[PDB]
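Using the sequences plus the hints, can you model the full thing?
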Amino acid sequence: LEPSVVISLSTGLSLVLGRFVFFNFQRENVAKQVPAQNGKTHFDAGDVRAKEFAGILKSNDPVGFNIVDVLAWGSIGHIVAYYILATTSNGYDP
Amino acid sequence: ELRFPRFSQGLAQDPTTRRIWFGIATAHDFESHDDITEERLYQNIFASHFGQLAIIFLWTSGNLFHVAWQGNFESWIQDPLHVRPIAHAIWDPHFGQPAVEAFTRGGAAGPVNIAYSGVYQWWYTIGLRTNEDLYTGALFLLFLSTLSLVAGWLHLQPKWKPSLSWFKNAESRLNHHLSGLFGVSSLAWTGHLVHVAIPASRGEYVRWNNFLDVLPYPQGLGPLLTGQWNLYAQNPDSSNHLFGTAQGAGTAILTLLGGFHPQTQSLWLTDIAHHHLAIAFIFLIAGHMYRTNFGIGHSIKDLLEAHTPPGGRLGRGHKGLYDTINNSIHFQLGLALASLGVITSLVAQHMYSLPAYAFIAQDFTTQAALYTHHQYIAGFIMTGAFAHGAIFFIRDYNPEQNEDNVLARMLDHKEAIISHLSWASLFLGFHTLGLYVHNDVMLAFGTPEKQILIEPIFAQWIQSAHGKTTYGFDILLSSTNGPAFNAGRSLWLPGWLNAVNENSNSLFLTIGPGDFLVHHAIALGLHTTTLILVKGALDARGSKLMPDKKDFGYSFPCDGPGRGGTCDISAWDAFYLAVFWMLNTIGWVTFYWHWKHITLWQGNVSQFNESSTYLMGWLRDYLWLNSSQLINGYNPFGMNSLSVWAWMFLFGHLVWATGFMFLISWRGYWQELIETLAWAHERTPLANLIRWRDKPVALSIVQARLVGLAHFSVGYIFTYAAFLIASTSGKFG
Amino acid sequence: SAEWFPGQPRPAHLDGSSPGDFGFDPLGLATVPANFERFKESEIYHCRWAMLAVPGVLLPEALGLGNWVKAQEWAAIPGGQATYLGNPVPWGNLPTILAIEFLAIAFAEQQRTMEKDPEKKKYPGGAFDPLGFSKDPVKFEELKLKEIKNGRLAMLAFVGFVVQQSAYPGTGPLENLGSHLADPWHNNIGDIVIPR
Amino acid sequence: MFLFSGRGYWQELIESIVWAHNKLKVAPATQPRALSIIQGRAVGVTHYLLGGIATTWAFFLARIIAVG
Amino acid sequence: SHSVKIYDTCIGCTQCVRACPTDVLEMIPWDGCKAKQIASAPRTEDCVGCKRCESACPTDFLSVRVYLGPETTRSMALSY
Amino acid sequence: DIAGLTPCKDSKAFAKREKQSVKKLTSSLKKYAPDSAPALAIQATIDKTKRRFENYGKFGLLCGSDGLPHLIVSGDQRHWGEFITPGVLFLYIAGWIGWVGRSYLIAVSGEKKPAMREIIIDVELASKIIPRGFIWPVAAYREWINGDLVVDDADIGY
Ligand code: CLA
Ligand code: CLA
Ligand code: CLA
Ligand code: CLA
Ligand SMILES: CC1=C(/C=C/C(C)=C/C=C/C(C)=C/C=C/C=C(C)/C=C/C=C(C)/C=C/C2=C(C)CCCC2(C)C)C(C)(C)CCC1
Ligand SMILES: CC1=C(/C=C/C(C)=C/C=C/C(C)=C/C=C/C=C(C)/C=C/C=C(C)/C=C/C2=C(C)CCCC2(C)C)C(C)(C)CCC1
Ligand SMILES: CCCCCCCCCCCCO[C@H]1O[C@H](CO)[C@@H](O[C@H]2O[C@H](CO)[C@@H](O)[C@H](O)[C@H]2O)[C@H](O)[C@H]1O
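Chains B, V, W, X, H and S are the protein sequences, given in the same order. Terminal number for the first sequence in my numbering: 94, no gaps in between. Terminal number for the second sequence in my numbering: 1733, no gaps in between. Terminal number for the third sequence in my numbering: 2196, no gaps in between. Terminal number for the fourth sequence in my numbering: 3068, no gaps in between. Terminal number for the fifth sequence in my numbering: 4080, no gaps in between. Terminal number for the sixth sequence in my numbering: 5158, no gaps in between.
Everything labelled a hint here was simulated from the structure, so no lab data went into it. Note that the Cβ used here is the ideal one computed from N, Cα and C, for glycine as well. Possibly wrong hints are sitting among the right ones.
[Said to hold, decoys possible] Pairs of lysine to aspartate or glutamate residues, derived as EDC-like cross-links and limited to a Cα-Cα distance of at most 16 Å, are as follows: (1) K2149/W to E2041/W; (2) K3023/X to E1415/V; (3) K4005/H to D1551/V; (4) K3025/X to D5155/S.
[To be verified] These stretches of chain S come out as covered by chain V in the derived footprint (C-beta under 8 Å, 3 or more residues): (5) 5003-5017; (6) 5070-5079.
What follows is the structure, encoded as structure tokens:
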């Protein structure tokens, strides 16, 4: 009913789920999925614009939580918040 | 690099006229050019795509400029049901005075052409109102067309050429094209609808000089940020609204009404806005699936390598398909062309039943033209898909790296596949032709009560499920007390049900036994065309009659008269045979559409319902009856405005027939004849002082097949277009 | 031979010393042992939930509180408020019910699959066997058999509940039993099987 | 159909159909073959002439009997 | 000019050499078959691409193969 | 009734069509002597027409707004005489023909030149195989069970 509370609560719950619940499964499935072409990654094959950025990925968090993860779970938080905030006044939607 | 063509030494040393023809025909086959590498192929393709964009922008800008300069858009805006829009002026010095008088129409001061493309309705629905707006649009498109050429020139210089590994980054391209090209474009168009077109449909004029001050909504973006989105729907337009005016206007921008606008007989604008907003959201979400540089995203190769049925019935599954697809451009072109053909047909089917442009539903000739045009384009695209798919098997397919996956097993059970397709075609042909002939005989002997008339019960049942009440079925949306009826009872069911049960529009037309028969004929066409193309593709690499076919390439004349004779054995020839069946099938589809609608618009449905069950009905009541005006465009007593169409009609019949000459008579007859003419010229005084420099020869075998099929297709199209336009516009305008 | 079908040969991959093996596998879905172990675990997990659910379907209907289907109706009413034993639930709001359930159950079920021991995967110890009954392996296996049997019998009963609910909308499980006891020779499955 | 095409396509199709007949023990000893090139041309011109001439025959006879 | 190739399934029957209308082929000694000879194609600049040689060959599949290539005055059989 | 259709025994358009056809026949009948052969032929045609309309009416067919009978093939048990029973008859006869053809081909393939027996039929042999199509559904089923109907994929070749 109050957006400034609903959005904060939804974002907090999504971040908690990301950092403490599904962290291991995501970080172990990611290691097995690296795009490649003819047995070599895109940057190894010659694409100079396919280099993986290194500055933004490092973090001092104990488990490796970073900014990209922050944005990935924060987006889910805002989307779910505005889903609940819309089917309250009058919304008959899935 | 010696002479034309510079890209082929084999053609450049040819001393005959064959050098010129073939030089034109292989210009855009970059893979076959001398000393070509993999990287230059991609770079040249990129430049050519920029060229296509420049040409498209020029075409659209020309349309806008000519309409603004010589049209009656402003006059048409005020009386859209009785004024005929103007395409462009006519300046022909061959004209006589009666033609000058006859072609002066639409309120113009000179002879003109009437437009049937529907651009007036389209441009009026999106908020354009004056000739100045059209001029600015044409100039802007002229700027974009120049931008395309400049970019194409720039990306072809050594400093600015992308590398080969750039063109093969599949995940990044998919992300950018899903998120940005589809979703963000939809967002921008929704913004245009909210800021410009919807206000224009209420008497408010927003342009580039005042759009900042005016608010699209009285309460602004407050409801969006706070989440009270339902405020954007609560005051929709009235049922007595006049489209260009403020009488009955509302204030909503996003609705879920359904049905049609009672005056314009088209979809509500707020529904289109909400639609594009939701679609934009879906694409924006879809575009985050794949991994580029940030440690998140799926991998396509790893997705393919995993989905393998553990029972072993699909061999090794999808293992190895990533490289097979990503290293072959023909595979990619085939997938893209197939998808585009399917959606071209879907566009054609959905634009006649659910019109989106104001006052276009009443313009019968325009609707007919659009449906026919897009169905023929779809047919050509569908044939091309299988053509480039067959090219894949010869040029790029590598057996060793596809061992025991689905693609190899397709080649493994080709006999079973082809035989079952043949059985389906035989069954449909035998029993459909038999029923038609039985009904014809019953009509001839004067006993119409002995016909075989099968009611299309399944389709009527589905129509009842969608809300139609004609057939007395009580199921789903046609029932009053059910979960499906209750769930949508307040959202969109009222307008939808009002639209479906109105029998003046073309939303779920009433159907009968004639519809049953013609639908099974259309199914026959689809199955047989697919048989021809699939047999071409799967036998491309070889068969029992020619086990080493892949060494000879995609297109070659034959393998000689030995082993029984081998005429028309290549895959190119299978494509050539399939194009005829494609034209046949699309002809059946468009004939059926046109006759059903022409009897709908005259208020005489029983004519179709009774004459369509036997073939003499089609010949007499559709073809013969609807030609009478067309063939009187000019006669011994004078001419009228249909004369051009009448002329075009005959033009078509000519080109068609000329094609027969190339298809029936073959090369050896013509070469012997040509030798005699060469002898005659070399022996004639006052004329042997002139010499040829390319030795004349008869056309090649494959070239003749191509030229004959081209004359056939051009004649086909021009004849039907003349008949359709003349027959409809003579009755309705 | 096969115990489920007397006079029938046993499957090649079956006939092992499993808790509940009767040689029944017509489709041969258990050829790979790595799939077979996870199928055993999945069977145990379905069995336990069905056994726990049967009383939860039979008790409220028998206490005159509404059948298992009508208890979900208040969630479809916009002003619907939950009730438990006739006492309204203050926090019966749908969003928090749908939120905390997901949030708690996700963690509770994510914890259980981090275990790597396959034998301990099906049957853990610690805080799940407070009284303790694994002291005797023979009686342990006997109890395992007597658990899997009742679990299969409970899954059958739940599927029967669903089908009988679909056959008679608006009714409950024990209502059908009462109707059957009222007219045994006239109220049976014959009417649905042979429809009028 | 006979005039516009060639026999290699049709023999290739017959191979697939013969596979299916072999599957069920009904492949004839008299091995099926497509028509020779000359026979294709002959069948084509024969059916073209028969159809055209008969069309005109029916047209003439109905017209002159009804109106004459 | 067309390309003509001979494969080692040849039985040295000599029918292809007799069938050629412009003298492209000839027989040479060999030790791989019972006839102790094999075909050869030393004069392919005079080939017209008629494929009579393929029509004459008895082995399955063929032992002489013709691939049509770039056209010349000789290969188009032009007398003018 | 079904799909908004009307039974032909209660359709006004059906009776109108019958009356129109009978009147058209009677107009021709009124051109000849009562005892001449053409008059008798026309009278026989009229009686046949009346019988046809009566039988269509009383066999339970349905008629549309045009006044012509329509067939129902969705499975409804009130119309099995329209498609299902004749379909069973068609399948039985077709199975008989195919079964006797296959059995002749199998019985004749064991000779020195089987093709000679395909352009010249051995009527003595065929007259012993023709009556056996009477029970083709049983024979084909038993042959399918024992694996004698189909050839394995590995064995298929010229
Ligand atoms: C967000 C970034 C972005 C964007 C906007 C584009 C845009 C484009 N790229 Mg891509 N590209 C990108 C990033 C991007 N790219 C990246 C990062 C890479 C490197 C990995 C590439 C690599 C790349 C290559 C190699 C090529 C392109 C090409 C193209 C063009 C495709 C042709 C076209 O115009 O289709 C237009 C398509 C649409 C508007 C969407 C389809 C809409 C369908 C048909 C439905 C329509 C529905 C609608 C209601 C109908 C209205 C009809 C109207 C009359 C009313 C297009 C301009 C091609 C090209 O032509 O380049 C010049 C090309 O060859 N791109
Ligand atoms: C996005 C679309 C697309 C693209 C990029 C390509 C690209 C390519 N195609 Mg593919 N193709 C497409 C669509 C496409 N195709 C479609 C829709 C079809 C089905 C009709 C085909 C069918 C096809 C075939 C059958 C073949 C190709 C081939 C080719 C290559 C070019 C050949 C060339 O230079 O022709 C040069 C162009 C011409 C000679 C012009 C031909 C014009 C025809 C005859 C009709 C012209 C009539 C004219 C308009 C009359 C006007 C009269 C007036 C009074 C109105 C190239 C790889 C060839 C290939 O790769 O071979 C290995 C090849 O053989 N394509
Ligand atoms: C009107 C012209 C016409 C007709 C009727 C056909 C018919 C057929 N074509 Mg052909 N075709 C045509 C034009 C036509 N084609 C043209 C112009 C082309 C472009 C070159 C092609 C190219 C083409 C290809 C490439 C293929 C076909 C195929 C087929 C078959 C499709 C399946 C089918 O309907 O089986 C039902 C059969 C029929 C409707 C044929 C007529 C049967 C008659 C009516 C039976 C009764 C005969 C009567 C008792 C005999 C009395 C005469 C005498 C004894 C006194 C069928 C035999 C496909 C095929 O072979 O599929 C298996 C196929 O692959 N056609
Ligand atoms: C979902 C629950 C479930 C699961 C995962 C299993 C799994 C297993 N069972 Mg168990 N079983 C179950 C339910 C289940 N069972 C029920 C309800 C009964 C009583 C009827 C039994 C009775 C039973 C016996 C008697 C035996 C097993 C055995 C097995 C093992 C080998 C068979 C196999 O591979 O199954 C894998 C199963 C699946 C992958 C599920 C496939 C489901 C399909 C796709 C749809 C089924 C729809 C259903 C038939 C609809 C009608 C239901 C209605 C009749 C009630 C395996 C560990 C054998 C064994 O050796 O155990 C150690 C053995 O002897 N089961
Ligand atoms: C614990 C901790 C900490 C803290 C942290 C934090 C506090 C964080 C936060 C975070 C956050 C807080 C995040 C967020 C994010 C977000 C996002 C990412 C969002 C997104 C969004 C979106 C995307 C949207 C969209 C949209 C629109 C635009 C419109 C309407 C619709 C929608 C809504 C859909 C620290 C550091 C001290 C360290 C220690 C520990
Ligand atoms: C040869 C070849 C090729 C080609 C291919 C092709 C050309 C294909 C095509 C294909 C096609 C052309 C297909 C199509 C399909 C379709 C489909 C599959 C559809 C579906 C649908 C659906 C499923 C729907 C549903 C529904 C409905 C109806 C209603 C509403 C709801 C829903 C949505 C559910 C390639 C390139 C690969 C390469 C290799 C070789
Ligand atoms: C209706 C719902 C009612 C819920 C009631 C509350 C249930 C709470 C259960 C909490 C269980 C916590 O689990 C706690 O004991 C388990 C068993 O010793 C430990 O688990 C550990 O021991 C297991 C048994 O030897 C082995 O598989 C492993 O060594 C390890 O998983 C957990 O590391 C510990 O955290």
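In ascending order, which of the hints set out earlier in this document are inconsistent with the structure?
Structure breaks no hint.
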